[PDB]
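A.B. asks: The lines below spell out each chain.
4 protein chains.
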Amino acid sequence: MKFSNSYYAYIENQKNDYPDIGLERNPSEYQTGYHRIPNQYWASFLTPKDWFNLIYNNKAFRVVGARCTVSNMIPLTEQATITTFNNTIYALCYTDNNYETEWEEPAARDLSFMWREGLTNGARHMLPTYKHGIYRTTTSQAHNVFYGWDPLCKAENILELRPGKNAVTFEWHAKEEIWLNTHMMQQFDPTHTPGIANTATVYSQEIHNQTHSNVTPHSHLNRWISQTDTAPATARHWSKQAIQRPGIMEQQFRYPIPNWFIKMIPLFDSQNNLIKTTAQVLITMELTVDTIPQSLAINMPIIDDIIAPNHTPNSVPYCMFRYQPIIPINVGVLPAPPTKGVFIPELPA
Amino acid sequence: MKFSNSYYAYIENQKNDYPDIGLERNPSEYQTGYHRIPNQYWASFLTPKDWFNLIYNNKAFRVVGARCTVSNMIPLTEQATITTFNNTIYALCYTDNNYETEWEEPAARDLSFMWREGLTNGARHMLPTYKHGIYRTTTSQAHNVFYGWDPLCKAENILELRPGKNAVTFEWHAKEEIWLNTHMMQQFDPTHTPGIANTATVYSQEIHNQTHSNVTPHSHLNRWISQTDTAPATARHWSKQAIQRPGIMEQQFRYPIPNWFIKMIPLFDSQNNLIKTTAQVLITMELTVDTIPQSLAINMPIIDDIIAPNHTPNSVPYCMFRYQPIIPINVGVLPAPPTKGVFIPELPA
Amino acid sequence: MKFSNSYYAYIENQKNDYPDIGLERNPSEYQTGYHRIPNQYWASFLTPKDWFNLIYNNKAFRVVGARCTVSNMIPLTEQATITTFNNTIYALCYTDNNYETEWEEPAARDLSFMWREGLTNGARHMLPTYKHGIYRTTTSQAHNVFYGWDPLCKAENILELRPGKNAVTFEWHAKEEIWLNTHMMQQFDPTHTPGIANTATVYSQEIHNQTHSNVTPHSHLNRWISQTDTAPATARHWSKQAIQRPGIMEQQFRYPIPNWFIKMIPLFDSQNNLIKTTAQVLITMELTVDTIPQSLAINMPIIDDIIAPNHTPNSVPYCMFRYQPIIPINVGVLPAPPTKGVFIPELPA
Amino acid sequence: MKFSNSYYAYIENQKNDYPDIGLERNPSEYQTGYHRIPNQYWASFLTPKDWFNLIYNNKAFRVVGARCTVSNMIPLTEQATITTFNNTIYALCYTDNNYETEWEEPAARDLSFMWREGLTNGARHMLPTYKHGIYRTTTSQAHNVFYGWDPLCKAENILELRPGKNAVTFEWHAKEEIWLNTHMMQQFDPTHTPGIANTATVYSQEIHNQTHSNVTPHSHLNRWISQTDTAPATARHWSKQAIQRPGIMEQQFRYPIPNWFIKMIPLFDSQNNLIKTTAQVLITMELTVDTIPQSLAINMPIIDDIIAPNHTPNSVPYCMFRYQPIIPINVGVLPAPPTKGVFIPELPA
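Residue numbers (PDB author numbering), protein chains in the order written: chain A, 1 to 80, 88 to 356; chain B, 1 to 80, 88 to 356; chain C, 1 to 80, 88 to 356; chain D, 1 to 80, 88 to 356.
Hints were generated in silico from the structure; no laboratory data involved. A couple of the hints might just be wrong.
A pair holds if it fits inside one copy or across any two, identical chains being indistinguishable in the list.
List time: in silico DSSO-like cross-link candidates among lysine-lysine, alpha-carbon distance up to 27 Å [unchecked claim]:
(1) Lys-283 to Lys-15
(2) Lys-15 to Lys-247
(3) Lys-138 to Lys-59
(4) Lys-172 to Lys-15
(5) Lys-161 to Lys-182
(6) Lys-182 to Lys-347
(7) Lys-15 to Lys-2
(8) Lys-161 to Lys-2
(9) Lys-15 to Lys-138
(10) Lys-138 to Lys-247
(11) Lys-161 to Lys-59
(12) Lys-347 to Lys-59
(13) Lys-138 to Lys-49
(14) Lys-15 to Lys-49
(15) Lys-49 to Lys-161
(16) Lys-2 to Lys-49
(17) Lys-49 to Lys-59
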């Protein structure tokens with residue numbers, strides 16, 4: 001099936017604070033001023049009804065592609088009194104298919120779909136900016152200042168978004184078929200069981216929450232650390248939960264969704280000061296997911312606990328994304344990221 | 001190549017003891033009365049000569065498909088005096104390709120091929136019945152009583168076996184190529200060896216026994232537990248051998264052989280009592296295995312220790328299935344399930 | 001791209017010291033007298049400029065095939088006075104595509120490309136001979152003496168190299184696409200990071216050296232030991248670094264480069280003594296590697312630390328092969344074998 | 001099926017020591033200097049794996065043809088210091104299809120297939136020479152000196168083998184279909200039984216050994232002695248085991264494999280002394296055997312006791328060739344030569 005969700009966001013022309021000239025830092029970090037379209041987690045693509053349509057009555061699903069269309073550019077200027092006029096300026100759209108930029112920082116209650124007018128809970132929905140860091144290896148003596156990432160170095164690949172009835176599209180296609188079960192629990196072999204020998208036990212990834220889980224996990228490195236790092240057993244990373252529990256191999260994408268960058272063109276005046284030009288944009292996040300319909304030999308539908316909208320007075324409401332918790336299917340790969348699961352029945356001593 | 005083995009077994013019409021109405025149990029288990037055709041292990045498909053033909057003079061093999069034909073239905077009634092007459096009744100044949108039913112419990116000396124007349128060691132060869140369990144996740148509050156598995160809910164997929172010259176076929180096709188070596192031992196890299204550095208050592212899965220080993224291992228969950236469960240190090244399942252040693256990844260099937268269910272139609276009298284109708288059936292278990300012939304540069308054939316028929320006076324005879332123990336081939340995946348292996352030469356301190 | 005390197009080496013007709021007739025040894029080892037063409041590591045195929053052309057300006061590469069042509073056979077006899092005459096004799100060329108022979112022992116500064124005249128640092132470049140070992144499993148009682156490897160048992164597959172303008176070619180083709188990044192470092196997920204939560208850290212395989220690293224790693228067994236061996240936790244192999252850190256799964260070849268065997272025909276006189284016939288051969292090692300060009304959005308090229316030629320007075324010079332150490336790409340598989348890596352920034356407590 | 005085995009042997013140019021001029025002997029014997037290719041027994045054609053492939057899973061077999069290709073002639077001269092040069096000389100190859108030469112003397116552990124390099128257990132594999140004997144009948148007064156066998160008398164049928172890339176082929180085709188069972192034991196008629204009347208007993212040729220048994224027995228004369236010789240009962244030959252037990256009539260070949268003769272050309276110097284020229288030759292012994300596959304109605308394969316490799320410390324290893332010892336088939340001819348058999352059950356008084 002295919003999900004499409006539109007909302008309004010704001011972008012600016014913050015200048016690229018090019019790599020620091022001062023004292024050298026091994027992870028040399030700087031602000032690029034480029035806004036990053038949120039395209040990593042499920043909540044960045046799906047409303048709760050989209051998630052329910054995805055999980056309900058389907059036994060497996062796989063992500064086929066993602067797409068974002070930025071359109072209806074309405075530029076705004078403030079005389080620091089808010090003029091809605093600009094014609095010549097444009098936005099810079101760049102897709103990092105080189106995967107040389109840092110992954111998106113986790114969003115804290117993005118919830119851009121409950122407030123689609125551009126004012127999320129009484130605050131302007133300004134897109135998050137990207138802060139780039141330059142990491143050289145420890146042994147090398149290269150100066151990081153020379154290796155600053157800049158899409159203008161690949162300006163032949165930069166698309167521009169003019170104001171008005173114009174649209175710039177970001178596109179991603181899955182180059183691998185990663186089918187995920189919609190059920191959070193599977194059976195063990197009676198001969199190869201963690202419970203009572205020659206008896207049936209079930210492991211279940213508990214209900215948890217999938218709004219902030221990556222649509223493309225791509226956590227391959229975590230599994231590789233335990234395979235390639237020859238540090239002694241007293242090393243710090245061996246006790247880290249990320250290294251210990253990397254995530255299912257058949258669940259991570261080799262070519263995940265890249266970072267999508269958009270930015271108003273920065274302009275400077277005679278006093279070497281950036282003149283600020285904000286713009287409203289209609290962001291249409293679209294996700295394509297292939298599904299296999301579910302045909303279980305039962306009378307009931309598996310509908311409860313899939314979504315749980317939580318709201319308390321004066322607190323920001325939110326709805327959790329969850330999988331089917333009722334019946335285990337013993338074929339397919341568990342979909343949820345590494346989280347504390349349970350065993351049914353509980354293991355003995 | 002292709003293996004076919006026929007034998008006679010018996011089935012009944014035990015009623016489906018639908019989910020318990022009484023006190024709720026998280027693994028709500030009940031008897032479905034459905035007989036399960038043994039189709040999981042090697043001994044369910046292969047006689048010792050079939051196993052020897054499979055392993056001898058082949059360097060690799062892969063399971064292509066499995067098939068079971070149930071025919072020559074001879075129904076019997078007992079006046080609790089054994090009438091061999093029934094014409095209208097029929098059997099219910101259902102294949103669980105949804106993989107929502109528990110895996111087959113291990114067979115204790117099934118040995119249905121040494122006694123093919125229907126009387127295994129002076130006991131009627133009645134097929135094993137399936138006891139279904141309903142596992143919901145711990146957190147959910149769903150009542151398991153409503154989620155009882157029943158093929159009559161998918162009665163459009165139920166095939167029927169009439170008595171007489173009739174046949175119902177169960178079919179399974181491998182959707183993945185899982186090639187397994189016929190040799191139980193391989194070499195290490197001299198640069199990446201567990202023994203003496205820059206020296207040759209060999210790991211060998213010992214002779215063991217493969218009669219009860221799954222033809223399609225499908226033990227994927229065991230490897231996933233160590234990748235997704237974020238329980239603390241003191242958790243019970245971390246010390247379980249099943250979790251610690253899951254089995255070779257390249258050895259497990261993603262779409263293994265499903266459970267095949269057959270059942271006489273249950274009938275009830277005025278006193279609400281099941282009237283018992285037993286039937287003899289000719290079961291023809293068939294397995295297709297692709298093989299690559301072996302062309303080693305040696306003078307001897309690797310024939311010993313492949314099968315070891317054990318018989319002691321007054322004890323039930325049995326023959327063990329084993330792989331080629333003589334020469335290691337350093338390419339391909341070891342075939343045997345996780346079992347205590349040896350190193351040649353033994354590792355130093 | 002495609003790399004070709006020619007050099008001169010020497011081969012002899014050392015007789016096959018067939019399996020020992022004396023006291024039995026479980027790893028029964030003997031000298032076969034067959035010379036083994038060095039074809040396992042990068043330095044066996046690539047000069048430093050070839051390695052730099054491979055790594056520089058490429059973001060990924062995969063090994064497509066390897067080839068060795070042995071030609072210009074000039075046989076020599078010594079009257080133990089060095090006659091360069093022989094016409095009827097020939098060499099025996101055999102490829103072990105059965106993978107039943109031990110892997111090549113690590114070469115100690117092979118460096119056959121700096122001295123291509125046949126005299127490496129004032130020593131004749133005689134090809135290394137193969138010592139074959141017969142490993143049976145511990146439990147079996149088979150005599151290893153009967154299972155000696157000998158290509159004359161497959162003499163229908165032996166190619167012969169006549170002296171003069173003649174050539175015998177060894178060929179290997181990769182049957183799997185194993186793409187490797189040219190960068191030694193990748194980013195972590197902020198949500199699934201070993202460092203500060205919701206913050207960016209990088210794992211980096213340090214610079215190390217890749218001259219002696221396998222062009223086809225094929226270290227699958229090491230990862231399988233932790234999946235199939237059910238020995239108790241106090242077993243010797245559980246603390247071995249090879250078992251603990253097997254290497255990246257997506258990095259090992261299922262069908263690596265086999266051993267290539269060449270040997271002068273052995274001849275014996277009336278006193279049952281081998282008459283020694285040495286021959287000079289022109290060895291042309293050729294490797295085909297597919298590459299994807301690198302198009303990073305940076306101004307600098309990543310050129311330093313890729314190769315570091317080390318020379319000290321009166322010590323044999325050597326050049327190290329290394330990957331790109333400057334910029335991490337978060338897609339693809341790390342290329343280097345298991346070696347002590349670093350984290351940027353360093354992990355906290 | 002078809003068996004091919006290659007190995008290296010040595011031949012010389014020993015002069016034909018033409019019939020003795022001295023005192024006359026009725027069996028006038030002399031050395032012809034012609035090397036005889038071993039082509040009479042099973043071990044001259046089959047490795048143990050070839051024998052196992054022949055006997056296992058086959059109920060009958062017949063010898064179709066035999067072939068020997070002598071090639072890769074490398075001549076050697078010793079200055080009684089071992090020169091590998093000769094171009095003009097050649098070998099003389101002659102096939103005795105007249106069957107006028109003595110049959111091959113039994114080989115004492117020929118075992119040329121375990122050591123195929125030309126040095127069998129630290130001794131040069133020189134081919135056995137043929138010593139011809141001239142037998143006239145007792146009554147006749149012909150001088151045997153005039154009837155010396157010499158292929159130069161039929162030099163139009165002599166093939167020559169030049170050194171280098173040249174090959175001379177010996178060929179034999181069976182002109183009769185002699186099918187032999189692979190089972191060493193058969194049933195008797197209850198009406199015509201040596202045991203209890205109207206009861207079942209089995210005669211079994213015991214396991215014994217078939218490495219030195221003729222591939223073509225051709226022992227017709229032994230059976231004819233008891234049919235044509237009218238000597239009195241006190242004659243010496245009536246108590247000989249060869250006459251008493253000739254061998255199965257349906258087992259002997261009327262046109263067996265003839266003697267194959269090869270010889271370096273003899274050359275003489277001014278002092279009437281033979282100048283010795285030894286040559287290495289690649290002997291490729293090939294045997295074609297038709298087989299009928301075995302389809303017994305049993306579960307086990309008949310694999311044990313077929314071959315028994317015997318090795319003791321410091322003693323030359325050897326493997327015995329044997330037939331199927333488990334199940335008697337009551338049709339076909341027993342394959343083994345006359346040897347002490349057993350009866351099951353044992354005969355009463």
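A.B. asks: Could you tell me which of the hints above the structure violates, numbers in ascending order?
C.D. replies: 2, 6, 7
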